[PDB]
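Visitor: This is what each chain is made of:
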Amino acid sequence: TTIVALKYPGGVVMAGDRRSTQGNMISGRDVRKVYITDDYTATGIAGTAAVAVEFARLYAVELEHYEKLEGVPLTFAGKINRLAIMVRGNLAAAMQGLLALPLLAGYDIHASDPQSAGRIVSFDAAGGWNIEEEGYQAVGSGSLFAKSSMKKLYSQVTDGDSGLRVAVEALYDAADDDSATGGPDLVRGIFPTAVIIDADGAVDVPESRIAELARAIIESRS
Amino acid sequence: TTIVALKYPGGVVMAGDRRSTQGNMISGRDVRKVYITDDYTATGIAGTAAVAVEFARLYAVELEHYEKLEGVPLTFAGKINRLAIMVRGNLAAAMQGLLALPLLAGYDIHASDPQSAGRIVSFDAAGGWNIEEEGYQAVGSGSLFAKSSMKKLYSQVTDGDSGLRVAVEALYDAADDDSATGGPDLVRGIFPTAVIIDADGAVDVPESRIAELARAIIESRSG
Amino acid sequence: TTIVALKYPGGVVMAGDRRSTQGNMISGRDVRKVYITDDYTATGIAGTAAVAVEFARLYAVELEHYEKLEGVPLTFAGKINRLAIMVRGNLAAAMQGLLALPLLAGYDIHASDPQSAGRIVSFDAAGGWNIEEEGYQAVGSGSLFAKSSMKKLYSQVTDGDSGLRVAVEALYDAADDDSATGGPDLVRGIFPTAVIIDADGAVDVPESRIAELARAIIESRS
Amino acid sequence: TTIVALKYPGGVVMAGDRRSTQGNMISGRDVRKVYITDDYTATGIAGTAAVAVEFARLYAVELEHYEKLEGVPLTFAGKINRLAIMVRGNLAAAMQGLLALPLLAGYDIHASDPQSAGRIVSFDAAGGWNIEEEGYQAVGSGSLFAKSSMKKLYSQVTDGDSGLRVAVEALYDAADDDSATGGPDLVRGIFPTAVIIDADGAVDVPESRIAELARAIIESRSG
Amino acid sequence: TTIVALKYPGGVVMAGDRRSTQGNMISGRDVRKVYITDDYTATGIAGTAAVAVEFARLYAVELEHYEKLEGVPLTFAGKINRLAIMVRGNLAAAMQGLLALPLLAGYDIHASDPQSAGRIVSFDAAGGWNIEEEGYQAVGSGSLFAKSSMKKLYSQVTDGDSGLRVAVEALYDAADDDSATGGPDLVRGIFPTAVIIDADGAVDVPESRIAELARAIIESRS
Amino acid sequence: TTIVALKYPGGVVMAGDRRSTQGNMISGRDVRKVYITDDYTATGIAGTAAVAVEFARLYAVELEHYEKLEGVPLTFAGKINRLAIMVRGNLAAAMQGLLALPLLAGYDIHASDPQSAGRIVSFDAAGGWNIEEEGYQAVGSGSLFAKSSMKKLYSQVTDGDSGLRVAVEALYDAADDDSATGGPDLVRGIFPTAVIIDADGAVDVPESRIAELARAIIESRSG
Amino acid sequence: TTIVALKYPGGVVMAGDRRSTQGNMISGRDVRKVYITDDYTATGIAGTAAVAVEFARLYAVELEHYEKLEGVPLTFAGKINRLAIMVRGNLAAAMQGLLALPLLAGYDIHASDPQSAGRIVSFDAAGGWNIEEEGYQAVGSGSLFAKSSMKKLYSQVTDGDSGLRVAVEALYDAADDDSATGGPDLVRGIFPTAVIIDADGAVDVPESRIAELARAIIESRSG
Ligand SMILES: COC[C@H](NC(=O)[C@H](CC(=O)NOC(C)(C)C)NC(=O)c1cc(C)on1)C(=O)NCc1cccc2ccccc12
Ligand SMILES: COC[C@H](NC(=O)[C@H](CC(=O)NOC(C)(C)C)NC(=O)c1cc(C)on1)C(=O)NCc1cccc2ccccc12
Ligand SMILES: COC[C@H](NC(=O)[C@H](CC(=O)NOC(C)(C)C)NC(=O)c1cc(C)on1)C(=O)NCc1cccc2ccccc12
Ligand SMILES: COC[C@H](NC(=O)[C@H](CC(=O)NOC(C)(C)C)NC(=O)c1cc(C)on1)C(=O)NCc1cccc2ccccc12
Ligand SMILES: COC[C@H](NC(=O)[C@H](CC(=O)NOC(C)(C)C)NC(=O)c1cc(C)on1)C(=O)NCc1cccc2ccccc12
Ligand SMILES: COC[C@H](NC(=O)[C@H](CC(=O)NOC(C)(C)C)NC(=O)c1cc(C)on1)C(=O)NCc1cccc2ccccc12
Ligand SMILES: COC[C@H](NC(=O)[C@H](CC(=O)NOC(C)(C)C)NC(=O)c1cc(C)on1)C(=O)NCc1cccc2ccccc12
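From first to last, the protein sequence lines are chains A, B, C, D, E, F and G.
Per the working numbering, the first sequence starts with residue 1, numbered consecutively.
Per the working numbering, the second sequence starts with residue 223, numbered consecutively.
Per the working numbering, the third sequence starts with residue 446, numbered consecutively.
Per the working numbering, the fourth sequence starts with residue 668, numbered consecutively.
Per the working numbering, the fifth sequence starts with residue 891, numbered consecutively.
Per the working numbering, the sixth sequence starts with residue 1113, numbered consecutively.
Per the working numbering, the seventh sequence starts with residue 1336, numbered consecutively.
Worth double-checking, as some hints may not be accurate.
Each computed EDC-like pair below joins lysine to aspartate or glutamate, with the alpha-carbon atoms no more than 16 Å apart [claimed, not checked]: (1) C:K596 to C:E579; (2) D:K818 to B:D398; (3) F:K1263 to F:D1236; (4) C:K597 to A:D177; (5) E:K1042 to E:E1024; (6) F:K1180 to F:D1142; (7) G:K1486 to E:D1066; (8) D:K819 to B:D398; (9) B:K373 to D:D843; (10) C:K596 to A:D176; (11) A:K152 to A:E134; (12) C:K596 to A:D177; (13) C:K596 to C:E577; (14) E:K1041 to E:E1024; (15) B:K374 to D:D843; (16) G:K1403 to G:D1374; (17) G:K1486 to G:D1459; (18) C:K597 to A:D176; (19) G:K1487 to E:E1024.
If you anchor each label on the Cβ, the simulated ranges turn out as follows [to be verified]: (20) C:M540 to D:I752: 18 to 28 Å; (21) C:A505 to D:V854: 51 to 61 Å; (22) D:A759 to G:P1344: 39 to 49 Å.
None of these hints come from the bench; they were simulated from the model.
Note that CB positions come from ideal geometry on N, CA and C, so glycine has one too.
Okay, chain A solo, but in the shape it has when bound:
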């Protein structure tokens, strides 16, 4: 698994691969790991599939639950604290093999500057968290390759489209060096999934755009 998220002027982008494995065997090619959990936040999770899906689902339910009960959504800090408390809740099972780590990307509608309102938060198995001031982050077995790629490709990020490109290329390098992360399947037409979040909210990036960016990277490398 590899999930990337990066800040661009006025927004954030998050993308994740599509592969599911049981040991060395490939058990899935179309799996979705990045979910829109609220109008201004997306979550991508790596680890045991059952645990990850329950995380995303229950988290979305918790945020909207608070919103309907109290008439206003949580502050971003609140969203972070709730996700952290959930992650730490799972620590016992994680020590027994049911480990799952999330990566949170959001747009803080209450931020001062609408261009640096993007937010990227990473978490550890004990619920600790860090708000990323450096612009990008990743999670999963390929996260090191993706972070190290984005370290070199990040200067090219000037808008949402260049940022999406850099994200997909980071996933490309991750899948290049990690067998548990799946690259773009040009035969089956399966590509990473991506979500973009700006002042207008969070929207799923269409499959075709990701396809074009993939083929562009592939032919750039040949």
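Could you slot chains B, C, D, E, F and G with the ligands onto chain A? The hints should help.
Guide: Just chains B, C, D, E, F and G with the ligands now, with coordinates in the frame of chain A:
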């Protein structure tokens, strides 16, 4: 990790590094470990990140909770006892790897002499505490280097600025001998965080003065 | 520890960091990890210091021993096999904590094409080896970060100078993300060690050149 | 145990404390831990007493053995390699509790400049070694405190005597923060042992000189 | 740690050293291990600092609690029983390393003879206790050296001052043979703490007198 | 530890030594191991001191409690069952090292023959018990030696004094072969404690009397 | 077990108790633990009986063997080194429970000053040794009590007789606080064994003098 705190005439200073690690890997460069827990108290914590942040947050809430309920803040002894009780509460989990040790620095507004009203209190995993009557203390994987540096540099502390400088220098020696402690990152402009507390209260030291003290020490060591 | 090696047109370069650690504690700043083992080969080793220096020293002695006994040096394949057998000999102790992995860089004087006579060979704890065809390779606790940096910077290698620059930059990224790898110490003036090898043999790169490249990289990043 | 060694202009100095312990119990007050191993090298050992003394004894015998067999002393590098091979020989017993680490101080008569001919070499349990070019080094349970003291006191080293003072003061700080390291006993008149090495060879520092330096340090610390 | 207590005609004395250790490291020089627990009782504790201080504090609270609730202080036997029950309560934690043993010194205001009203009680980790008639007792890592010293010096005890001296000298021998016990620090001016208890109650011995006696013994041995 | 009890015509006697040990170290010389638990019953206990005293105190309280609640003391069988249930209750702690075994001696006022009203009951760590129909019994680390001595000396028991004597002599042989059992300390004047019980109740034997018997035995052994 | 040795003007004295135990059980009252190993050295050993006596026997044989082969006895340093090497050889078995530590007292015929020619050397399980300058030393389960007693009684040592008295009194205090060490048995007439060594050699001290000193000490403590 290294957190240092020292008393200067009429106040106390506490500063902490910015590095977060998973084993040998550097997982963070901007992490904040020193928090103002109440108008006259700051706490810096070392150890598992999750437990450290939960400690600081819950502790701040506990103090102010008492203050709003009873109309007066806790005595400093009370603050000490509460932090200790919290740590001892965590001892069981700590023995399973979730260890976190705090260091408390405060200004006792009810003390007899406002010159020596500074307080530095250290803790162990079992809830033990020591009120330091020798002027400085540190906690974390680099704490020994920082204490031994302050042992030689402490005689130079006469003002808030000299004390702050000695603190950041202690963190410098710590980062010099401990890879788990982050030194000043001059490329990214990331420096230790510091909080100073005197009779006027507790304030975060502005980043600029820390950068100036860092770059000053770095230049001071280059021949 | 991080040791890097890359091929450039007509030669090969190898560089290594200078840090020695005992757990979290820094026990050395001037440590040398890359050794010229013969007129046309250098070896860099990662792991337990005692075992690493013992490997380098014993290996150089073994190569020159064969050379004086039989009047001609070993073929490069032979040098590879002997280093491999040494690593495989240490496997038992390696499982008990005395692990050391080598990285071999050489210039094959018997190669057909002299512009591609550079050789980079990597090893595993069981004595397996691979002659690296992609131009670069690394070993050590920061090797993943350095490989991912070279993956992006390798297009810039056209001579010995650009290749050396890329090597030092890879070590810079390694030290940037790995606390067990030491970066350039501008206060003490301690920089990585490097060895460069071409048709004229293997020579130590003078420290002042590595330094100039270091400041170039740092400055480039501010 | 704490053994310190530092380079001074034209020579090297090595000193060690006098305490022997069984856990918390003090089983010795006068033990000698720094030995003259040959005309131009001294060795100090920390760890299990039996293994430490056997190290020093056997090592001296081995060096003089080579000298008598081949008519010339070993090169300094050769001396290093032999001590290292010995330690690595003890690795297994060290894993079972009989650990002993040496610290080597010497004067290389074949060095280029007779000014920086001092040599200080440290070792690890597996036989690894480091030639220390930063001028000072220590080994033992108090080595971190002593190293951190010398890091601040080293600029005062300008001759053999200032270096000797800095050695004794480092051992003082070590004993100050480490209970397994013994400080100067003014009641019994027992002080650290020292060896000085220059071009004229290695000689024991006389007890009276060290006593003077110790008392100066003590009464300097009591105002 | 070493805590000593001895009976003198018409009273009792208790003294304790000032050192705090973490293994071999000295983590404290000024700690106080002897506490006045009520107008006629003092307690000194050895072992884990946290447990020791909580013992002294909670014990004082318990005694004064009974006194205010029922209008009369506990009988000495009662005080003994409560301290014992506390120590027994801690047995499990002690078995996992948080061991702390107290030593109790008091003046029994209800005693038959007002000259033998001093009381010294020792405890073990399981809540057992012994009322000491041999006249002296000690606890801590140096307790054997101090007891064996007092066995020889006790005949010199005839009043409060001779008894205090003998106590400080016992602590001197304790610190002399035990690295976990601190002797008098003439540089910092830190000396053992002592409490004296007679018919007028329990009062802290001023630091000046203990310092004088410590110097007398030191210069007596040189 | 050694506690003995034996029946004589019209009564029962129980005696115990005075030594307390922590491993090989002697931690007590004046200790008391035999307690009068009610007007007609005494208990002697061996094992961990804390558990033993808790047994004696709690047991006495339980018996007198029943007596005040129901207006009549328990039958002897009932007392037996209560001690048994207490001992069984302690089984878990006993496995983990807090072992304590009692020996019960009493005078049954409801017996048919007032000369055979003496009772001796022994217990095991799991609460099993046996009423001793043979005149003597002992418990503790020297219990085997005391039993083997009484096996040879029991023929001489005809009254309270002869029985008391055989008892003290059994304690003498026990202390003679077991270092955890203390013999008579003629220097400090510390002797075993004894309790005698007849139709007139249970009384402590005065220290002076046992002293006389000890000296008598010692003289008999010197020829 | 307790073995003591102390230097007196011009000689050395060693004495040891007579008790042998299997755990808490006393399996011996007459054992000898101090042996004359050569004309000028005696050794007393504590620990497993089999290993201890084997040490004494084998050591005596080794020394006399060297003397007959080479025509001259070993230097004292040589004797120490051989005893230490033997102890070290036993380390493996010792960690398996067959531990035995010796204590060596001798008279060095090659010493400069015949008044300070007495030598007392102690050993640990790994073969380490210390030559005792402090004047006295002991080994065994009661060694700490005996050493702490001699610490107060040593000023009274002025000749062989005062030294012997101080040794016996040390063994008395050791046996007073340690159950594995036997005190003087006045009923059986068994007392510690002692050996005295001066320029005329090493001789067994006659039992009568030890008995006289024992009764003197006993009366001194019983008013
Ligand atoms: C590191 O481990 C790899 C992990 N693999 C896994 O998590 C696999 C999931 C799997 O293959 N299931 O089979 C089907 C349902 C697809 C047919 N666990 C297990 O097989 C498993 C776990 C336990 C316990 O027993 N079996 C993974 O693929 N993780 C990626 C992932 C992330 C977010 C959402 C996902 C949803 C579905 C599948 C994968 C998802
Ligand atoms: C265990 O000693 C090292 C410790 N490391 C840590 O505490 C790390 C924190 C971490 O790496 N998180 O990664 C993110 C959140 C940045 C993505 N825990 C763990 O890796 C961990 C432990 C268990 C169990 O599961 N995970 C540390 O560096 N501690 C330093 C530290 C001290 C005070 C406040 C802090 C606040 C935030 C981060 C760090 C802080
Ligand atoms: C195990 O990863 C950390 C490793 N460190 C080490 O390997 C250290 C070396 C060390 O610190 N020694 O201290 C002094 C006295 C030499 C200064 N060994 C040990 O700590 C060690 C291993 C055993 C067994 O016992 N001790 C390391 O830094 N390795 C890097 C390294 C690679 C190649 C050549 C080197 C030569 C010298 C020093 C380091 C070298
Ligand atoms: C490792 O822990 C501390 C170490 N202590 C020690 O090593 C002690 C020494 C000791 O007390 N011996 O007692 C006699 C010889 C005095 C009777 N042995 C053991 O604890 C020991 C360990 C095993 C196994 O067997 N014995 C020490 O103090 N070491 C300091 C030291 C360093 C160099 C040379 C020395 C020579 C003599 C004495 C000490 C020396
Ligand atoms: C291991 O037995 C030794 C024991 N040491 C200790 O108890 C030390 C005390 C300590 O160093 N704390 O650190 C600060 C707060 C001083 C900075 N804790 C621990 O070793 C410890 C235990 C666990 C679990 O985690 N840490 C001790 O010194 N005990 C002596 C002692 C007795 C009575 C009252 C005391 C009060 C304060 C300090 C000491 C006191
Ligand atoms: C375990 O067999 C030996 C046992 N000894 C003991 O039980 C000792 C007693 C002791 O030394 N206490 O300290 C003071 C209060 C005396 C200073 N505790 C322990 O060994 C002990 C056990 C645990 C757990 O922690 N400590 C013993 O001697 N038992 C004999 C005994 C029997 C009946 C009543 C007694 C009353 C007081 C003392 C002893 C008594
Ligand atoms: C376990 O530490 C105590 C030790 N006791 C002992 O060493 C006892 C001696 C013993 O009782 N043997 O029984 C006979 C010989 C009387 C039949 N061995 C054992 O208990 C033992 C150990 C193993 C293994 O198997 N048996 C001891 O008493 N040591 C004292 C001692 C020291 C020097 C010379 C001695 C000579 C004879 C007897 C004792 C001597």
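Visitor: Could you run down the list of hints and mark each one as holding or not?
Guide: Here is how each hint holds up against the structure:
1. Taken as a hint, the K596 (chain C) and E579 (chain C) pair is honoured in the structure, with Cα atoms around 10 Å apart against an allowance of 16 Å.
2. Taking the CA atoms of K818 (chain D) and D398 (chain B), the gap is near 11 Å; set against the 16 Å cutoff, the hint holds.
3. Straight-line distance between C-alpha atoms of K1263 (chain F) and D1236 (chain F) comes to about 21 Å, which puts the hinted pair past the 16 Å bound.
4. Note on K597 (chain C) and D177 (chain A): the hinted pairing holds, with a Cα-Cα distance of about 14 Å set against a maximum of 16 Å.
5. In summary, the hint linking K1042 (chain E) to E1024 (chain E) is supported, as the alpha carbons are separated by about 13 Å, within the 16 Å threshold.
6. Using a Cα cut-off of 16 Å, the hinted pair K1180 (chain F) and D1142 (chain F) is violated, with the two alpha carbons roughly 33 Å apart.
7. Annotation: proposed proximity of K1486 (chain G) to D1066 (chain E) holds, straight-line Cα distance about 11 Å (limit 16 Å).
8. About 13 Å separates the Cα atoms of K819 (chain D) and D398 (chain B), which keeps this hinted pair within 16 Å; it holds.
9. About 11 Å separates the Cα atoms of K373 (chain B) and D843 (chain D), which keeps this hinted pair within 16 Å; it holds.
10. For the given pair, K596 (chain C) sits about 11 Å from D176 (chain A) by alpha-carbon distance, which is consistent with the 16 Å threshold.
11. A C-alpha spacing of about 13 Å is found between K152 (chain A) and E134 (chain A), which places the hinted pair at or below 16 Å, so the restraint holds.
12. Straight-line distance between C-alpha atoms of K596 (chain C) and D177 (chain A) comes to about 11 Å, which keeps the hinted pair within the 16 Å bound.
13. Only pairs whose Cα atoms come within 16 Å are accepted, and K596 (chain C) paired with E577 (chain C) is accepted, the gap being roughly 14 Å.
14. For the hint pairing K1041 (chain E) with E1024 (chain E), the CA-to-CA distance comes to about 9 Å; that is within 16 Å, so the pair holds.
15. For the hint pairing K374 (chain B) with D843 (chain D), the CA-to-CA distance comes to about 13 Å; that is within 16 Å, so the pair holds.
16. For the given pair, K1403 (chain G) sits about 14 Å from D1374 (chain G) by alpha-carbon distance, which is consistent with the 16 Å threshold.
17. Distance restraint check for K1486 (chain G) and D1459 (chain G): the Cα-Cα separation of roughly 21 Å exceeds the 16 Å cut-off, and the hinted pair is therefore not satisfied.
18. Among the hinted pairs, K597 (chain C) with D176 (chain A) is consistent with the structure: their alpha-carbon atoms are about 13 Å apart, no more than 16 Å.
19. At roughly 19 Å between alpha-carbon atoms, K1487 (chain G) and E1024 (chain E) are farther apart than 16 Å, so this suggested pair is violated.
20. The beta-carbon spacing between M540 (chain C) and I752 (chain D), approximately 23 Å, falls within the hinted interval of 18 to 28 Å.
21. Take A505 (chain C) and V854 (chain D): their Cβ atoms lie about 57 Å apart, and the range 51 to 61 Å holds.
22. Between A759 (chain D) and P1344 (chain G) the C-beta distance comes to about 47 Å, which sits within the given range of 39 to 49 Å.
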